[PDB]
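Engineer: Construct the entire structure; sequences and hints are all you get.
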Amino acid sequence: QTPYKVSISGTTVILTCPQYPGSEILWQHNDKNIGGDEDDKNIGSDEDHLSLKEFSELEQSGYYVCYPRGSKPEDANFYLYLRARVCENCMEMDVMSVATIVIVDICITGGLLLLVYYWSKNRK
Amino acid sequence: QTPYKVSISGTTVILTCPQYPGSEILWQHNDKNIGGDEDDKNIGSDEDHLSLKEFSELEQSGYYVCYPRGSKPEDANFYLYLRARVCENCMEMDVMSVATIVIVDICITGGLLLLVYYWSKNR
Amino acid sequence: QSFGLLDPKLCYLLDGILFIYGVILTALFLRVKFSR
Amino acid sequence: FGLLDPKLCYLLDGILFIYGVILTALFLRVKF
Amino acid sequence: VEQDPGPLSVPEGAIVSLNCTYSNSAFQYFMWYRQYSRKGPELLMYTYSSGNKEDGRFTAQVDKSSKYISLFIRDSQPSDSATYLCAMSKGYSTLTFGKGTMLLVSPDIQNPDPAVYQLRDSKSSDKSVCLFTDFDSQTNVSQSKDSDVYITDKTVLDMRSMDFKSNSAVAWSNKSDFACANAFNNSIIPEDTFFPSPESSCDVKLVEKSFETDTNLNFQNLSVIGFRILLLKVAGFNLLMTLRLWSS
Amino acid sequence: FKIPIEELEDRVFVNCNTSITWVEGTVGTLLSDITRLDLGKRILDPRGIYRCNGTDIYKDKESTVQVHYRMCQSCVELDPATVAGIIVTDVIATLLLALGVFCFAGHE
Amino acid sequence: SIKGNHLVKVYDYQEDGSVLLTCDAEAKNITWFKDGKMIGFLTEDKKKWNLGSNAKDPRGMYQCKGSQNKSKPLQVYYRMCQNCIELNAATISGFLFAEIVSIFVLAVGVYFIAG
Amino acid sequence: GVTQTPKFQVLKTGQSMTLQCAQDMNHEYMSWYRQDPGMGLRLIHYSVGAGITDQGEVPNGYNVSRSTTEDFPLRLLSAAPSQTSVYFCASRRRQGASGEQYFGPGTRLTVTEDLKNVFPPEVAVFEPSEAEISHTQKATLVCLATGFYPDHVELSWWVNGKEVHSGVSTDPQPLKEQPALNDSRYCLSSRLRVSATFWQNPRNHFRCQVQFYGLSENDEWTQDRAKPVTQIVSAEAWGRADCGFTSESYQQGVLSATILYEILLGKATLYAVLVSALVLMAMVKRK
Numbered sequence: 033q034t035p036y037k038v039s040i041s042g043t044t045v046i047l048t049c050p051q052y053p054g055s056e057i058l059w060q061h062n063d064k065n066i067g068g069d070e071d072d073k074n075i076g077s078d079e080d081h082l083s084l085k086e087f088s089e090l091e092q093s094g095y096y097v098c099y100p101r102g103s104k105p106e107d108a109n110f111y112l113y114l115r116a117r118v119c120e121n122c123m124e125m126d127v128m129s130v131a132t133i134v135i136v137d138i139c140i141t142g143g144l145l146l147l148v149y150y151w152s153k154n155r156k
Numbered sequence: 033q034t035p036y037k038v039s040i041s042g043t044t045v046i047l048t049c050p051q052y053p054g055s056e057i058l059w060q061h062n063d064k065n066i067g068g069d070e071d072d073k074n075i076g077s078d079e080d081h082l083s084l085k086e087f088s089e090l091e092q093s094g095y096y097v098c099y100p101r102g103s104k105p106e107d108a109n110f111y112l113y114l115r116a117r118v119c120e121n122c123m124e125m126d127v128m129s130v131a132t133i134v135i136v137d138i139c140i141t142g143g144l145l146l147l148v149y150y151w152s153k154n155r
Numbered sequence: 022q023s024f025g026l027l028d029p030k031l032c033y034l035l036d037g038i039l040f041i042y043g044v045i046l047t048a049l050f051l052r053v054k055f056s057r
Numbered sequence: 024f025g026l027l028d029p030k031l032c033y034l035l036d037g038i039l040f041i042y043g044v045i046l047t048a049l050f051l052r053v054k055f
Numbered sequence: 026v027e028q029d030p031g032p033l034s035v036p037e038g039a040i041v042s043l044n045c046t047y048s049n050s051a052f053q054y055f056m057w058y059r060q061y062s063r064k065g066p067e068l069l070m071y072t073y074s075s076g077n078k079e080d081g082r083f084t085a086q087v088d089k090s091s092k093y094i095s096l097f098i099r100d101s102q103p104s105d106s107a108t109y110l111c112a113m114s115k116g117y118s119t120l121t122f123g124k125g126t127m128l129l130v131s132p133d134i135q136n137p138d139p140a141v142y143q144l145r146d147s148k149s150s151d152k153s154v155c156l157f158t159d160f161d162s163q164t165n166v167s168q169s170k171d172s173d174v175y176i177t178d179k180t181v182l183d184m185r186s187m188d189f190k191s192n193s194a195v196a197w198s199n200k201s202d203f204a205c206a207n208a209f210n211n212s213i214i215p216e217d218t219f220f221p222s223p224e225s226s227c228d229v230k231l232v233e234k235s236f237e238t239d240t241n242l243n244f245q246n247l248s249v250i251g252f253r254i255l256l257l258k259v260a261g262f263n264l265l266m267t268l269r270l271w272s273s
Numbered sequence: 022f023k024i025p026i027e028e029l030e031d032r033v034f035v036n037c038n039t040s041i042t043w044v045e046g047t048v049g050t051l052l053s054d055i056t057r058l059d060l061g062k063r064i065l066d067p068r069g070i071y072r073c074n075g076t077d078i079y080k081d082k083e084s085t086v087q088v089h090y091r092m093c094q095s096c097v098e099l100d101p102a103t104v105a106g107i108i109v110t111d112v113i114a115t116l117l118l119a120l121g122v123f124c125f126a127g128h129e
Numbered sequence: 024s025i026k027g028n029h030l031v032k033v034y035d036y037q038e039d040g041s042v043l044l045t046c047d048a049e050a051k052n053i054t055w056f057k058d059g060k061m062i063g064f065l066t067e068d069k070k071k072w073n074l075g076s077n078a079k080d081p082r083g084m085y086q087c088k089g090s091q092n093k094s095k096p097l098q099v100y101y102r103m104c105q106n107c108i109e110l111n112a113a114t115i116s117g118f119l120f121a122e123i124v125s126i127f128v129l130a131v132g133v134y135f136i137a138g
Numbered sequence: 022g023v024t025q026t027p028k029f030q031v032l033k034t035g036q037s038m039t040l041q042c043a044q045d046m047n048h049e050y051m052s053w054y055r056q057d058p059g060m061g062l063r064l065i066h067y068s069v070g071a072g073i074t075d076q077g078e079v080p081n082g083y084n085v086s087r088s089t090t091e092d093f094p095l096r097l098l099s100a101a102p103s104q105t106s107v108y109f110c111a112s113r114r115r116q117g118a119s120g121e122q123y124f125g126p127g128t129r130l131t132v133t134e135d136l137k138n139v140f141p142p143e144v145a146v147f148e149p150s151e152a153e154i155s156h157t158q159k160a161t162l163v164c165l166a167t168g169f170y171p172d173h174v175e176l177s178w179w180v181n182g183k184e185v186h187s188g189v190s191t192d193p194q195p196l197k198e199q200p201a202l203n204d205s206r207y208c209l210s211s212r213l214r215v216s217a218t219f220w221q222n223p224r225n226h227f228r229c230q231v232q233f234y235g236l237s238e239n240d241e242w243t244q245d246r247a248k249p250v251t252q253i254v255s256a257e258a259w260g261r262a263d264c265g266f267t268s269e270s271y272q273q274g275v276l277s278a279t280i281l282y283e284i285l286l287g288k289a290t291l292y293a294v295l296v297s298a299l300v301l302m303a304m305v306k307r308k
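Chains as they are written, first to last, in PDB author numbering: chain f, 33 to 156; chain e, 33 to 155; chain a, 22 to 57; chain b, 24 to 55; chain m, 26 to 273; chain d, 22 to 129; chain g, 24 to 138; chain n, 22 to 308.
Take these hints with a grain of salt, some might be off.
[Said to hold, decoys possible] Across the chosen pairs, the derived CB separations fall in these ranges:
| # | chain 1 | residue 1 | chain 2 | residue 2 | range |
| --- | --- | --- | --- | --- | --- |
| 1 | n | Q158 | d | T39 | 23 to 33 Å |
| 2 | e | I135 | d | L51 | 40 to 50 Å |
| 3 | f | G76 | e | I135 | 58 to 68 Å |
| 4 | n | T89 | g | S90 | 28 to 38 Å |
| 5 | g | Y134 | n | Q158 | 55 to 65 Å |
| 6 | a | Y33 | g | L110 | 27 to 37 Å |
| 7 | n | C264 | d | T50 | 23 to 33 Å |
| 8 | e | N121 | m | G38 | 53 to 63 Å |
| 9 | d | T39 | n | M46 | 29 to 39 Å |
[Claimed, not checked] A few chain m positions that, by computed beta-carbon distances, are all more than 10 Å from chain n:
| # | residue |
| --- | --- |
| 10 | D29 |
| 11 | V41 |
| 12 | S42 |
| 13 | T46 |
| 14 | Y47 |
| 15 | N77 |
| 16 | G81 |
| 17 | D88 |
| 18 | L128 |
| 19 | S131 |
| 20 | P132 |
| 21 | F203 |
These are calculated hints, taken from the structure and not from any lab test. Idealized CB from N, CA, C, for every residue including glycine.
Structural biologist: In structure tokens form, the structure reads like this:
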């Protein structure tokens, strides 16, 4: 139907359950209800968001499911298997992002060499 | 003793049992007969070849054995323990071959540039 | 210990290529210094 | 021999390319 | 009907002798059950006459005149530490079981190196353990004085790969001032007991023994080599064109 | 008669009930006890042909196992398109050097 | 959780990075569906459908069919980096040092061409 | 052989429970033994035929029923706090002619006076220290499952998704946190010793599964915390060589190499385009 939106920002994963509009969302991780107001304050929940701060690959991987408030999670229609590394101050290496870095550096150095070129021709 | 022939090309493992003359050969894997049901295109049987197509490290490894028709299968006493990785479009390439590829590239560049040197000296 | 196709022998091959080219140009520079 | 190898390979690339540029500067200051 | 309880301790590779007294009745058959910890009683030997019988490396003997039966074991492995039960009845039914006897076969360890190692807590819970190991295989490890310090009994872990049978006991606590020097104070402690310094050792040449290589690292190293070849060729082109434009 | 080729943590141990006779291939280490032959690691590709007798069962038959691994780690994934790309850019770079020596030697 | 028709489980952690899927049904011919389409036709001796390594980040919808109806989906997701680069002082200093020496070599080259 | 179901079972005081035995070797008559620490095996009932049930040594509160000749289930109509034992099924062929028995794999029961006492095991995996890896060159992971009740765990080590049966010690009997009291809580430990060129990979993955057997879905729960059902609690750890040259620093070294050489290749190609444009313009302006 409609996939979960896993927005990863830095070392913080925000899951978004796209279905069930208006109703209230509960989250199971490995058949263990999280997202409530426990002592764990690195995990916040919103109207439809799950904000996991300082994600840990070992602990917070595994299954996930959103289900409406007061319903059975075995009657939900959609499960997620999240396994994500995170990395503090770590910009990735896409196929096209690196090409944009290369072309920006090419344009900067081409501009600098044209400045030095016309400077030397003005000294010529 | 004449070993089994294992030839691994991409995701195709070809086994060859040398020790019998043949003309009726059967292959057994982990106490199960394999090949010869006229299904399972991935598992092909030949004169003395076994073609495991789309070989899988986790599910096809273990003890292979050839035996002729007439011999009971637990009487055979030459077993292959096969374990192999099956990366597709992925070939064996050791270090000395890569060293020779780089040096041959240098020799081709130096030879072509010396050709350009002499054929510009002639002008 | 298993490097495989990962040895420092390959980067040191390329650095040996740069070293041999540097040796050739330094030797010809010193022969220019001998020449005059 | 295997302490932190790529940094050694690339620093040796660095100070031999610098010496290559200095050799070309010697040709530019001797030949003409 | 009367089996001697209590754990008896036999060194590795020694003939073990157990016996059950049953005086007096007239029993037909005699049989020996072996029960491991947290399993069901498995049968070992079943005889019916007065005398001797041998199966595998075990030996069941029946003494109707002396009115006791006995079990003998040769080449006692450490993997036979179990509760041995003996059973007999009349010809019809109603087997009578003894209370069973704990047999502990502590190994011969042949190269002991006793030490107490602090282990590294894993950021989930507030405990911190001090594993104490190799023991000379004769160290009585008692329980603790407090109610916050726990002690497990000595167990024999059996490495099959390096072929090295070892002894262990683990002490964990939820309190401050629990250091490994003050952890196993209750039990008796042998000599040289290598309490480590808190400064690390950091053998670098032993970390190099564990270095695998994926296919991704092979292909990325070959891409680096290809880019170095292309830099050398295009820089050769550049220096030739600059020498061409400076020669004229 | 299957010779049990057990795979421990990262090693390979040939087990038998009697002593293992090496024939050819990786020699390995006879362990601290006999009847167990270590073959080194698995990623270093241990291969060979080993033979041992059989006691307690099998009536003193003698059997032979062939241990063959292909832990593919001196290997490289390569598309045919990527091989064509490497070859074509190499040829273009060599032609650039050819034109460089051509234009340099023509106008020295 | 094999009731409620969640028949697809993942057996991820492996010696290499190979992600595997498993379906619990009447095992004669398991037919594996990704995203709606068909990708797999599995018989014995095979049990586990592969997805390749986890460096390629296998994602998306997955489901299985046995002799009964289709299973509920499973959104397999991975951000298993194998490209992420930590911004140390050493890597930034190396990038800037290589950039400065490259632009100085090219600057001397341009200044001696158009001198 | 002889099978029986369930393996482990928890139930509140004053609650029935039917536990099944099954025997497909087609022996005739079965018996129920119970075992306590301190008293040995004690007979409960034995059924010599298809329907002919007879009492044993302690039949006090045990309804049996023999209808078929392969099943002889035991029933507990009302429960007691003195019911905590380990139960066993028996199997005999024909009346002392073949005196052998074949016991099943064991069935445990604990009976609490109130179901607020069940807890899940809190599991932690303690990594080794560098003192071992220098001194003995072998590493000992230690798992601690603390705080559960009742004693219904099955601890197991998984290395790269497959179990290990070589190098694992586990306590046969768990401790108690307060040994003087009655409704205490148990603590179980485990040791995985591993050659220390296997722990130093960052590729190997070690985890301590604990299969807790407890309540089910058909039982009421009016307490504030989560309902402690039959489950699996585990903790993981990658292997970690702290100081040295593993295969992650090398990953980032080769990634920075690819960045610098794509940048330098862009530099050199742009300088080639500049000098080729200068050569082409000079060859236009000379001809």
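Engineer: Would you mind marking each hint as holding or not holding in the structure?
Structural biologist: Cross-check of the supplied hints:
Distance hint check: the CB atoms of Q158(n) and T39(d) are about 30 Å apart, consistent with the given range 23 to 33 Å. For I135(e) paired with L51(d), a C-beta distance near 41 Å keeps the hint of 40 to 50 Å intact. Between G76(f) and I135(e) the CB atoms are about 60 Å apart, so this pair conforms to the stated range of 58 to 68 Å. The hinted window of 28 to 38 Å between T89(n) and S90(g) holds, with their beta carbons roughly 31 Å apart.
In this structure the hint that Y134(g) and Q158(n) lie 55 to 65 Å apart at CB holds, the actual value being about 60 Å. Against the hinted window of 27 to 37 Å, the Cβ-Cβ separation of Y33(a) and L110(g) comes to about 29 Å, which satisfies the hint. Distance hint for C264(n) and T50(d): a CB-CB separation of about 29 Å, consistent with the stated range 23 to 33 Å. Distance hint check: the CB atoms of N121(e) and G38(m) are about 56 Å apart, consistent with the given range 53 to 63 Å.
Range check, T39(d) to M46(n): Cβ separation about 35 Å, and the 29 to 39 Å hint holds. Against chain n, the non-interface label of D29(m) holds: every CB pair exceeds 10 Å, the least being about 13 Å. Against the 10 Å criterion, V41(m) stays outside the reach of chain n, whose nearest CB is about 19 Å from its own CB. Distance check on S42(m): its Cβ is at least 21 Å (rounded) from any Cβ of chain n, clearing the 10 Å threshold; non-interface status holds.
Annotated as non-interface, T46(m) keeps its C-beta farther than 10 Å from every C-beta of chain n; the closest such distance is 15 Å. Against chain n, the non-interface label of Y47(m) holds: every CB pair exceeds 10 Å, the least being about 15 Å. For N77(m), the non-interface assignment is confirmed: its Cβ lies about 19 Å from the closest Cβ of chain n, beyond the 10 Å cut-off. Once the 10 Å rule is applied to beta carbons, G81(m) is consistent with being away from chain n; the minimum gap is 17 Å.
For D88(m), the condition that its CB be more than 10 Å from all CB atoms of chain n holds, with the nearest at approximately 19 Å. Against the 10 Å criterion, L128(m) stays outside the reach of chain n, whose nearest CB is about 13 Å from its own CB. Non-interface status of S131(m) relative to chain n is upheld: no Cβ of that chain comes within 10 Å, the nearest being about 13 Å off. For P132(m), the shortest C-beta to C-beta distance to chain n comes to about 12 Å, beyond the 10 Å cut-off, and the non-interface label holds.
At the 10 Å boundary, the C-beta of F203(m) stays outside the reach of chain n, the nearest C-beta of that chain being 14 Å off.
Taken one by one, the earlier hints all hold for this structure without exception.
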